[PDB]
Structures are given as C-alpha cells and as structure tokens.
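Asker: What follows is each chain in one-letter form.
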Amino acid sequence: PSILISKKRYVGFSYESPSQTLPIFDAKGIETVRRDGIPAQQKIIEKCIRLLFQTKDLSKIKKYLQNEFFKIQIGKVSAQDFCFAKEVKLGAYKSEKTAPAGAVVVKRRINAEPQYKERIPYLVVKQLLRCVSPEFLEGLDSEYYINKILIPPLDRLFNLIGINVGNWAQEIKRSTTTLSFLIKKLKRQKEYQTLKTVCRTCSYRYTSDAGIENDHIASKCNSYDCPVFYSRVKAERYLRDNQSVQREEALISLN
Amino acid sequence: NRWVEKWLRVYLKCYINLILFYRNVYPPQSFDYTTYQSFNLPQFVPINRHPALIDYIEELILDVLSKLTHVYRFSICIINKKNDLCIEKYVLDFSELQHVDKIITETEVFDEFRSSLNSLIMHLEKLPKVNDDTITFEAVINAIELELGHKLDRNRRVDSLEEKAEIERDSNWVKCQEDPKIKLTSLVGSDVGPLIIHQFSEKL
Amino acid sequence: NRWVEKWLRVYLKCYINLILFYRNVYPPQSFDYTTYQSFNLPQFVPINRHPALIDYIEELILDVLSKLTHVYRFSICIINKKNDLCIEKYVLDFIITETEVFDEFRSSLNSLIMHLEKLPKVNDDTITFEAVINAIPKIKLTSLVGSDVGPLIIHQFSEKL
Amino acid sequence: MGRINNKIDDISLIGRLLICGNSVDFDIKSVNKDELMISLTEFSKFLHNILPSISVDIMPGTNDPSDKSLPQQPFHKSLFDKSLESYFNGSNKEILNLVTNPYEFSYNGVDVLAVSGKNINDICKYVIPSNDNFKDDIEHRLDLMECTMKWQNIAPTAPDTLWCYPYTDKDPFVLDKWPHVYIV
Amino acid sequence: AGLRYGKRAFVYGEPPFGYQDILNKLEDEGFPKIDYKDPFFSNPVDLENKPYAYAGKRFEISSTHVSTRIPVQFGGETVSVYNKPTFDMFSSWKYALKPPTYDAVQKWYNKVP
Amino acid sequence: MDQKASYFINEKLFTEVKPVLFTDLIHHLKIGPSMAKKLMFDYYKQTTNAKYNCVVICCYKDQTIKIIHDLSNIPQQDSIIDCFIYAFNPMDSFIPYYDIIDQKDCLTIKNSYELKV
Amino acid sequence: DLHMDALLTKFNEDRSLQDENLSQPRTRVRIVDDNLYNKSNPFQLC
DNA sequence: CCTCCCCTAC
Ligand code: SF4
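Residue numbers (the deposited numbering), protein chains in the order written: chain A, 1187 to 1297, 1302 to 1316, 1321 to 1324, 1327 to 1330, 1332 to 1336, 1341 to 1373, 1420 to 1502; chain B, 2 to 103, 107 to 183, 195 to 219; chain C, 2 to 95, 107 to 148, 195 to 219; chain D, 241 to 373, 388 to 438; chain E, 512 to 624; chain F, 1 to 117; chain G, -2 to 43.
Just so you know, the hints here were simulated from the structure itself, not pulled from any lab data. Ideal placement from N, C-alpha and C gives every residue a C-beta, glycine not left out. Everything hinted at is true.
Taking beta-carbon pairs under 8 angstroms as the criterion, some of the chain D residues facing chain G (in silico): (1) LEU253; (2) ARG256; (3) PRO311; (4) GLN313; (5) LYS333; (6) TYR343; (7) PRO426.
Simulated DEER-style distance windows between Cβ atoms: (8) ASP137/B to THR1207/A: 30 to 36 angstroms; (9) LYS544/E to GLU170/B: 38 to 44 angstroms; (10) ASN73/F to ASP249/D: 31 to 37 angstroms; (11) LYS82/B to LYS30/F: 56 to 62 angstroms; (12) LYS82/B to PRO28/C: 27 to 33 angstroms; (13) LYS1214/A to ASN594/E: 55 to 61 angstroms.
Sequences are here, hints too, so could you generate the full structure?
Answerer: Listed below in structure tokens is the structure:
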C-alpha cells in the first residue's frame, strides 16, 4: 500500500524481503517525519494512515478522528503533544516582523540568550499567531489547534482518496449522585497518588532516600520532557479545582 | 413499554446464559457467577465474558424485544453438529404477554424471575451431561403477522443508526417450518401483572 | 409458474457460484465477494469476476430450465484430478405468488451457506467440477432445506465419499 | 444472634460487633454506581437484619468508598437503604455508629485503638536490605507493630499513608496516650 | 470406486478455464489479476455522498453493508421483487447469524487476555 | 406443629422453587431456633420421596462452624457439640437470597438499647 | 466414625427446647462508648 | 503575486 502526495512526499508499508511478515512504516516528507509541528499531529496522521492501509475502512478512521476531536474539545489531552519546536537563527532574520513565533518567544524571554540554531519550544496552548511558551504550565481554544494543525495535512492525505475531513470535524437522602461524586473523587485521588509514587521512585536516583524529603524534592522537578510531569501538574490543579464546591454539595446532601 | 423492556431483557439474558452454561454449549471456564452485567440480575447468574458472544446475545435480545409486538413464542434450540438435528428445545411462551397498553415495583418482578430461573436450573441439573467439542445452539421464534427479508426492495437509503438497525434486524431472519419420542416438561413462569410468561422445555 | 423461472435462475446461479467459491474449485480473489446480495441475505455472496465463466453458467442454467420437465434430478459433481473420482456431490431434486417462492429460495440458499461454511478446506489446483442432468462405498449424506410450498417441490442434499 | 450456637448464656455476652474496614471490594479505576449500589444494598440488608439484636460500629477501609488517605472520615448518612433511615436520625447512636478509620473506643473504660491496617501494609511494601536476623511471616508483622508502639508513631511512612494537611502543629498520628488494646 | 451417477445420466461440456489459467485469462481480458479492496465505508450511515468529486476526479466509494449491495443480476439485468409482500398468519422464523464457535472461545480463554 | 411447618416447607420447595432455611421457619411460625431445628429434622424424616438436597452444618469445639460437603469423612467427630440441618436446597448450587425481614417479635436476643424515633 | 444420619438423629432428637420463651428475650450485655460525645475526636478532619 | 522562513529529499 502506498500514497504519493507530491514530489519527495510519500508514505507506505515497506517489505524489504518476501520472508518479512510485519510491514515497516516508511514515510518520506510527510508530517510524520517533519519536525515542523506537534507530536499530536504526527501521532494522529500515523494512526490514520495505518488504519487506512490495514483495514481500508473509512468508517473506522472517521470514528477515530471524531473521538480525538471530541477529546481535544473537552480538554482530555495530554497537554504535552501540543508543543512546537523549530530552529531559530537570531541573526539571520531580515527584519523583526519577518521573525517566526519562536524568535518572538525567545525575545520575550531575553528581556537568558540562547545558542545558535536551537530547537526551542513554542506555542504550547492558548490577535495574530505572533506565542506562549510551555508560561502555559504556570498560566486552550481547541478549534484553532484542531483546524490549523490537523485539517490541512489530513486533507492533503485524504483528498487523494476523495473525502473531506472538514465535514467530519464539523459534526463533532440521595445515594445516586453522591456515589458518582465519590467515584470520581476517589479515581482522581488514586491517580494522583500513583503519579506521586512514580515521581518519588524516579527521584530516588538522586536522593537515594525513601521517607520524607524525597517526595519534597521530587515535587520540585519541572522537567518538560516527561509526560509524567504534565500529568502530575494536571492532577494537582484538578484537586484544587471546583471539586471544593462538589465537596460542599456532598456535605449538604449527607446532612 | 416503560419498564417492561428492561426486565424482559434481563430475563432473556439470564435465560440464554443459563441455557448456554448448563448444556455445555460453551466451556464452563468462560462463565463467571455475577449479579451485574450492565443490569442488576435477579440472582448470581453465570454470564459468559467472551465479547463476541456477549454482543451476539445482546443483539439477539434487542431484535426479539423489537419484534415482541408480533412474536408470541421464543425458542432456543440445541442442534448437534455431526447432523443438523435438534435434540433439546426450550420454549418461552409469549401469549400476548399482557402487553402494557398504558408499572409495578421491581422487587416482585425479580422474585418471580428468581422462581422461574430456579425452576429452569432445577430442570437443567438433572439432565445428562453434554460433551464439549462442537455442540451448538440455535434461535427460533414463532410469529403471528409479519414478513421479514422483504425490506431491501427499495434500496433502503439509510439516514441514521435507527434505520440501519431496522434494516439489519429485518434481514437477519429466515423462514423455517414447524419441524417421535418428544417429551414435554412444563416449567414455572412469571404470574406478575405486567408480565405473564409461560415456560416450556423439550427433550429427544 | 411465471416468476419461478427467474427466481430459480437466480437461485441456481447463486448455487453454482457458492459451490465454486466455498470449495477450492477456482482460486479465491477471483470472485466478487463484497458487491452483490443474493436474496437479501446478510452474508456475502461471491460472483466470479471472469465474464466468460458467468456466461457459461448462464447458458448452463438456461439449458437446464429448457428441459426442466424431463429432468427429475440436477446435480453437480466434484471430481479430483489424477483419480477421476467424485469426492463430493451436491444434488437438488427436479396458486403460487412472489413471496412464498422467494422465501423458500432464500431459506434453501441460507441452508446451503450454513452447510458450506463449516466444511474442511480444499487444496489448490486439485479439484474440477462436472454438472450432470438425470432424465427419466462409504457415503456421508447431508439433508438440506428445499422448497415445498410450490408445485415444483425440490429436495436439497449433499454427499461426501 | 444466637440462632446457631443455641447457648444464649455465651452469645448474650457479645456486647458489640466491630467491622474494621474493607466492607466492599471493587476496582475504583473501572467502576459505576449500579454495582456499588447493589453491594451497599446487600450491606444495608445485613445491617438491618442484625441491628435489632446487637450494636454495630463500622470503620472505613482501604478499598471502601472513602478517602484514599489514612484518616478516613465516617462514610455518610447516605449510601444505605431507606430501611435504615430510623437509625440515622441522630438520636440512635448507641446501636449504630459510623466512625473515623483511626479511633479510640472507650469500651466500658477499656481504651482500644483500631487501625484498618493501611500503615503496616504500606510499611510492608518496602524491601529493606537490613534486619538479617522472618520473611512475610506473622512474627515479622507483629514486630513491626511493636516497633510502631515503641516509636509512638502510628504511620512511620508518612509519604505513603498520610496525605496533605494532616493537621496544624499537632499531628494526631504521633501517639499521646498508649491504649489498652491495639488492633490492626 | 466413486459416487455413482444413477440409472440415466447426461454430462455437460467441459468448462473452458482451469485452476491455473483462470487468472491469466482474466488478466488477458483486461481485468487486474487480484482486485484489491478500494477504500469503503463499513457504516452506510457515514456514506453521506462523500465521493462526489475531488479536483475534477470522480471517485466511486461504496459500502459493504447489505443495504448498499446491488442484488445479484441474471443476464445483465437486475432481479428484484416488485409486488408488496403477502404475510401469512402463524409463521415461524430462524435466526441466520452464526454464533461464535466453541473452539474460538476455548482459544480465547487459553490465551489469558 | 409438624403440619403448618411441613406445608410451608413443601410450598416453598415445590410451588415456588427456592431454598428454605430454618430461619424462615423461625420468622414464619414465631418459634425459637431449637424448635425450628427440631421441625426441620422431623421434615427430614417421612421423606420417602426425596427431591431436594439437605445442607447440614455442624458446630465444633473452640467455636468453629463448618459446612459439610464430603458427607463421608467428617473430621474430628468427637469434638462436635451440635449438628443440624441448615436448609433444604432443591437445586445443586445453594446460593440463597436475602431480603428485608421484620423481626418484631421473633428475636431471641435483643440489645440493651431501643430504637428511638 | 458414623454416618451423617446417625449424628443427625443423635443430636436433633435430644433437643433441649428450653429457656426459649421468645416473649421475654435475654437482654444483650450493655457495652458503652465513653467517646461518643466527649470532645475533640483527634482524627476528625474537614 | 510577492518575499520570508523552515527543512526535507537527492
Ligand atoms: S521527571 Fe517525570 S519522572 Fe522524573 S520525577 Fe519529574 S515527573 Fe516523575
């Protein structure tokens, strides 16, 4: 199976030997191998291409795309796969207005200076496009991300078949409620505890300690290259979220 | 049809799962005793955990519930695979079911279901053991005024999932006929107001 | 006795194509499997892609129905190469409106599909067929569903050496 | 209730019944309200059928629908059948009592400290390359509990059992008075 | 040795193609040797007349559902029922879908998912 | 009474197929546990047509309660302090069901406190 | 040492049937909790 | 339509 988009742009399953059983996902020039985007678009494109090549089913692709779009709109994304990274040349720009978004982010950060030809994180989440750095975590309009990150490449890949992805995206005493409240709160608390345990175990590498002052040190880690940090900060924010009002509602119902 | 559909679906699920388990239609290791299978069962009914079998049973029960307005008898036939002959037949009478034209507490409904399922289990226990290795089951219904397989003569351009479900349910049945030492053993059904169900069984 | 001709033609075409595909008489990926519906059945009915074989089947069906009165048994035999022995043999014996003849034809086709789906696989390039018309060792026989409402009652059964 | 033993002279001496947690077992990762409600209705049926003959004290457990931390508050007035609404009016506390997970009952002057066992279980999930001179034995856990009394710290592994904000300047988990009887 | 034909039996002509020459003959006629599956919708609801056109190219995207499948045609002309169905009282019907095999369930259980 | 109890047991065992407990007799006839056990033993006799399974449990020493399964080799028979019939099971799997029971006047032991409304 | 029927006959036929008036049931021994209302449950948080 | 910028293929 193969798709030929344009010159030096193609993707397909490769069989280097007839004895080989599992196909190899070979892509050249499409967004999967291009570092000019976000990991979410690469993962979505790869999954859609694999589904099309294996099952040839457009219904499964549409279902997966609609589910992913709904998750993005709701806000159930990992928040890490939405970070851009492009090289910046601080001295090779003709003018200030011609500089890219990452140059503006670095210039705001300087006022510290980076090195020449650096992949720098830009446009994490949430009026020209010219720039929040991953200021987001200490700080998303899903329509913008969905449309201007997934509609163009998926349309380029699927208009060859003859389907419009944009049409798919266009559609897009009480023991009952309190029990659900406890279910949600306990699931959130257990997830938070698991994240804290993982962080403590990872920080054991440096601390070599198990009791107190190990979790305290692990709580000060701000590594942006690991999804566990994003999950931990999301859980911590959610514990301090509107759930306080939910707890008050449970107290009123219980009384 | 307010609460009748849910209780009827639960009873049909328990009936089918009990018949499958006690006649060795599927390996007993694939069954587990439980009370919740997306619905609070009246007892601890052994329910298979194979996703394909669960989906098949749910689809069959939904089709039967959809056609309930015209079917007066539901039967699960046990047919051998060395030869296409039915050896055991379990008949679930639906003599107008006392249809709710216009509804009772769930406790009595579950008590009656418990009595009927206990009668079924007691009858099934004394039956001789059935070997594994390709014993299978079959579903047959007796209708009053309907004709299936004839809804695909207009190209049936579907618009929503309901139309597709109707088309696939109309075309999922084929016409059969009525067909020694047949032994008939009547069992205990439900005598509650909304649900009047009679239970039968056949041997040989 | 008017529409029985067309419905029998369709049923016989489905019969022959199903026997040719489910058995390994002709290779797979040579039949049209995901395009046609036989008798509004939910299953996939295969149709041979080569127009010449389809035309030959149609001529065979027309010839069979031309002398339908004289024939009392129409059968298709499966012959294994280098032995010339009938491994298996599928035989069908011989006021009516649309609905009933349609229904028994649908039921007979469904029974044939059920019987054929659970058969053991057949090796490649080892089987050829032979259609025989009848005018007037250890054998395993299987009884299938046939039409009975119409005056042209047929009996469907299969054999296996 | 004395229905089985048939010796009332000994059954009538059992003043109270104490449930020490883990009333219901479920997977909180994948769970819905209906099956948990079925389990709680069964528990409520048992309570209603046992309450008229004996008093019941209930403790939250590790897998019970209560806080994941160790100081688990009493369950609720809800999550029980409507047949038990008479016991939850507030005036009837001597026959039914829902209590915090760690508690000190003064049973006729006998102060007893009850723990559902989360602290010892959390200590036992650590492998310590020390104490060469028992492996997963009753003696080893008994020694751990004896050390817990010796250290006057109910929860030595604070990051595992304790949660954020146990208290302000006075942690209740540090012992202030030894009890007569210790239960884990 | 083999199965007897009967008392009086006639034989039809030999088929023109064999097992090995069928694909070559099909390729000679102008058809691909293997017809690979085109992109399709398994759910007829999701059809929505998508394959209309794409940059002046007309695509034929169909569905494998029973509703969208063309009835089997004889002689180049489609065959279908025209009159309304006539239901008869006291009929019996049989489920057509095949339940999962005992061996399939045993294999699924032994894999320990 | 050996007549009302037998009729109730026969009804609950044959008309509505459900296992019958001795506690059911306690709640129905308003009798003590010993009388219920004696009535169950009496119904165990005069049973030439046996169409049910008896679930018998015994009380060992050191306050141990066991359910008999083997029915051929009972360990420590010398330490048995009591042995009676717990229930009559018409099926093979016991699996009883429990419902709300109003123990208004069938209680043999009551707590010192009373429910206050 | 004996069949189950022998044990059942030995035990059930000699039932006491005594002290079971059922009209004046034996009162359970009184056990109280002095901490029901005293003060300051240490583990009661908000 | 124009330049500017990114960066992958060969
Ligand atoms: S970096 Fe990722 S893993 Fe290492 S501690 Fe911070 S979160 Fe846990």
